[PDB]
Structures are given as structure tokens and as C-alpha cells.
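The chain that follows stands alone, in the form solved without ligand FMN, written as C-alpha cells.
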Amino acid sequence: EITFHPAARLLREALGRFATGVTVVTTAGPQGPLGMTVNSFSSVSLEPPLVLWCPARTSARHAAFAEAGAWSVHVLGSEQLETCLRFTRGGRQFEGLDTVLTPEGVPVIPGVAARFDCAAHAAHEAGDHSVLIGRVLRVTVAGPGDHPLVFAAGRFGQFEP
């Protein structure tokens, strides 16, 4: 056991000890669909139904997500690494993907384990990222719920119950 004070490799390693799923959050941008892969999602409230996620303020897409009225969180299954990588920095994004929209105009990705279609609810700055809180208006689930894509200790993998 070792202790240090933040001040950068060591901090990233430590924060990576918290296991997560992987989400792609999408929105209609000023000149086309946009998405961003994050793992900073949390389920926040049941009544009302609220969730949060944290866009990087160092992304050129940050402003579009901060200004959006509507955005959708996609929880990926373990077979969807390619979708994850598309919406990482430097990935293909929606290039080659079918345009499919929600009733509110949000671009979405078919066939994810869960999609939460959200209305913007609150936003707060938080250092090098923002915290966006959304109200869930619609939920879509597909397939079994117990095969998530998991990211932990810097690696992709699976959940073993």
C-alpha cells in the first residue's frame, strides 16, 4: 500500500481501479450527428428519473453537448467494442453508420444493451470536464442485461458473476 498526492500517471492508474461500463452519448450537432464515448456515466435518481455524465471540456464537441436540449446515452454490450472505438477521440464517428433518429431528433445507434433518451436538466462545470444531468424520457433495452462491455484497470473486458 502506497499513498501519494495528486501531482499524473499514478492518479490515472488509481481512478482506473473503479470499474465501469462504456457509454456513447449522442446529440444532433450543428452540421450533423455527434457522439462521444465516456465512462463517467452514473445513474442518479429514480423519481424523477435522472442520470449524469461528464463531457471533456478539451473536446471540440463539448459546446454542442453543453448547448443541447436532448441527448441519448447508449450502454454498450460486450460485443460492441467497435462502436466504443468509433466515438473515441480520432475514431470514425458516424461515418458509414445508418442515420436513425429518435422522435426528438437525436441520432441513435441500434442494438445497444440500453439507450436512455434524455432531456437536458442541469449542467455544472467541474474542472477539465462538465457534469451534465439529464431527465430520462424514454428507455430502450435490447438483449440480455448481463453481458456489458466493461472497462477496468485500463483494459476492456467482461463481467463474470
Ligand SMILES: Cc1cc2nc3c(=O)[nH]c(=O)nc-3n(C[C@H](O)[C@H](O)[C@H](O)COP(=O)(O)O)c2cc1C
Given for the second form:
There are 2 protein chains.
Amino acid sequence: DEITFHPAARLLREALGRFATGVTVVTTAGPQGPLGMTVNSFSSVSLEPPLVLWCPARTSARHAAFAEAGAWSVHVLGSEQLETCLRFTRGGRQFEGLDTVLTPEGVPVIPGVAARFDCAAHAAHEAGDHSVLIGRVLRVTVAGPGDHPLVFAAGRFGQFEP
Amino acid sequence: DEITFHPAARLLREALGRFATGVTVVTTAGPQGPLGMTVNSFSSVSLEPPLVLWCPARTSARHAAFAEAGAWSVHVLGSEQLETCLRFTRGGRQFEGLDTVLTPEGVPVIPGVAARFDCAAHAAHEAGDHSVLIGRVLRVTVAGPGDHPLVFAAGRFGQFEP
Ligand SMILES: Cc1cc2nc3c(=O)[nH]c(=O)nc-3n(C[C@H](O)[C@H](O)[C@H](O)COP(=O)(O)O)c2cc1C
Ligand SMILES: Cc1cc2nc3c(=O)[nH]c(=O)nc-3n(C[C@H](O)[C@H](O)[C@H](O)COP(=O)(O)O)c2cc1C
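Return one more block: the form deposited with ligand FMN bound, after the form solved without ligand FMN shown previously.
Below is the entire complex, every chain and molecule, led by the chain shown above.
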């Protein structure tokens, strides 16, 4: 079955999709109201100090706000939160109809997610068509069981079966 | 159920584990033979140019080799490759008993994985107890179906159910 190609586009996207991920929504306080963006390019980076990374696309209108933000929060979604995922993708409702709750640092959050990491901006680097934002975790919130993540793999949403 | 804590250690590790991932092995040619390391801190970063990242721990004896390498390859494991995962973790056999196959750039590879990204070193940044290595994808190999990844979530290995 095995095939080899040089990445210079459908085939590369399919290949990268072979790496399973959770699903997050990264939020921040924008110039004119709350902002969020569905992300799966998140990674845990460091335990001491507690650091995480994620990559906003430089082709998004929200890139500047996330890149200039001092604080942002990463919400890890449970398998029952597909609708929350879809609010913060391309066509999505964003925060329209959602209650305004804020962290002490003023970041808009989504209660009821599997995990929320509230982060202070720590470092940022350009990486092609995306940036890499590294944040220091100031606070952690967990809710519910840890073993029912929303999983995205091979372009499809699904569950983890242990 | 919802609880909030400040990350300054068991609780933080459990929280970060709530983010589901695939499982990779990153390989390179070491000073005295092939090297590999099981990694789940991998992310797709950029399509144009094709870029990926992953984070080696700075507490590993293999960190210097990966950090100084010009070339390294990321192997995305299928659900049937737990043994390959375990070869390249803490106590593992590494390449002992495995056939030596090399890329044109001299990187030792593991045929038969779901995806292999052969990368040239592109950038590197320190991030606490880990480094962040960004590589430019020079070649991609895929084998078999794309929708049976080995998944690691909530500290357990498992499968994706779409
Ligand atoms: C499962 C999933 C994961 C995503 N991950 C990322 C990401 O890591 N970074 C990013 O900038 N956009 C990501 N997106 C896209 C953003 O949510 C984006 O603003 C929009 O959904 C995609 O369309 P657009 O690129 O045309 O705006 C993801 C979307 C989905 C469905
Ligand atoms: C599922 C899984 C994912 C891992 N991800 C990473 C990683 O992203 N970076 C890293 O440096 N080590 C990672 N490790 C650990 C390395 O494989 C490491 O050299 C060793 O397994 C863990 O023990 P040690 O930290 O005491 O050496 C992971 C291990 C497992 C089981």
C-alpha cells in the first residue's frame, strides 16, 4: 500500500490528518468583544515552568488579536461538545447566544469543558503560514471525566475507545 | 465536578492528559548509531512551506543529538504498533533487533507506519523543560488506511471510533 510523495497538496493534508488530536477552542478578549478559534495544533510543552503551545493560522482575521494578546485560554473539549467546536470554526456563531463569563485576567471562557488552561503570553515565533504561540499556564480548570475527549482524526470527529 | 488549581504536579499532568493525541516515533542518526524517541508533543504547523513541530525533553540523554541533527523523521503509528511505541520509550529496546533501513539523507526509518514525515531542521527554540524543534518536510510516506491511529488519551492507549 505504501506510497511516497514530495509535499509541494491534497495528499499532504491527508497525511497530516493521520495524526489524531483532541479539539480545543482558544479564547481572548478582542478589540471589540470576545474572540475564539477552534484549534487542534495545541501541545503540552513544559511542566516546570508549565508551558503549552498552539498555532494560529496567519491567514485568519483573528491572528493579530491572538498574537497581540497578553492572555488567552485553551479549552479542551469533551466528546459531547461538537457544537462548541463548530461555533469557533470558519462559519461559526462564535460567542453569539453564549453567556459572558470572564477570568480574573479578563479572558472570556466557556464553562463545562474537559480542561481549561488560562495562559499568559510567554513567547511567539513565525512558522510559515502559521505562528507558534507559547503560553505559561497560570490556572487550570478540569470538569468531568478525563477520558471522553472529542477526537479529530483522518478528517472525522469521533471518540476514544481505550 | 469542576475544580480549579494553580499548576505549581500530579493534577497538572492529569489535566494535560485530557488532550488526546496520536503517537509518534522521531528518529535520527546519532553519533554512534540510530536513535529514536517516542513523542506525542508533535503538531502539524504549516502547509506552505510544509512545516511540523515536536518537543524533545531537555532531561533526556538524546536531546543533544536531536537538537544538533540536520535531519530527523516523524513516524505516526497505527493502532497495531504499540510494540514500536514501547521500543522508543524510557525502558525500551530502541533499534535492537529491528532492520536498518535509511532515507536518502541517512535517517533510520521504520517501514510500515501510518505516516512518515522526513524533515530537515528548520528552527529550534527553548521552552522550559523541553525544546521546540520545527522541521521542513522534505518527503512524505503513507501506508495503509489513515483512520486507525494509535491514540493516547487520559494516560491510556486506545483506538479512534469515528
Ligand atoms: C478540528 C479542527 C482543528 C483546527 N485547528 C486549527 C489550528 O490549529 N489553527 C488554526 O489557525 N485554525 C484551526 N482550525 C480552523 C479555525 O477554526 C479557522 O479559523 C476555520 O475553522 C477554518 O477555515 P478558514 O481557515 O478558511 O478560516 C481548525 C478547524 C477544525 C475543524
Ligand atoms: C505516549 C507517550 C508520548 C510521549 N511524548 C514525548 C514527547 O513529546 N517528548 C519527549 O521528550 N518525551 C516523550 N515521551 C517520553 C520519551 O519517549 C522518553 O524518552 C521516555 O519514554 C519517558 O521517560 P523518561 O522521561 O524518564 O526518559 C513520551 C512517552 C509516551 C509513552
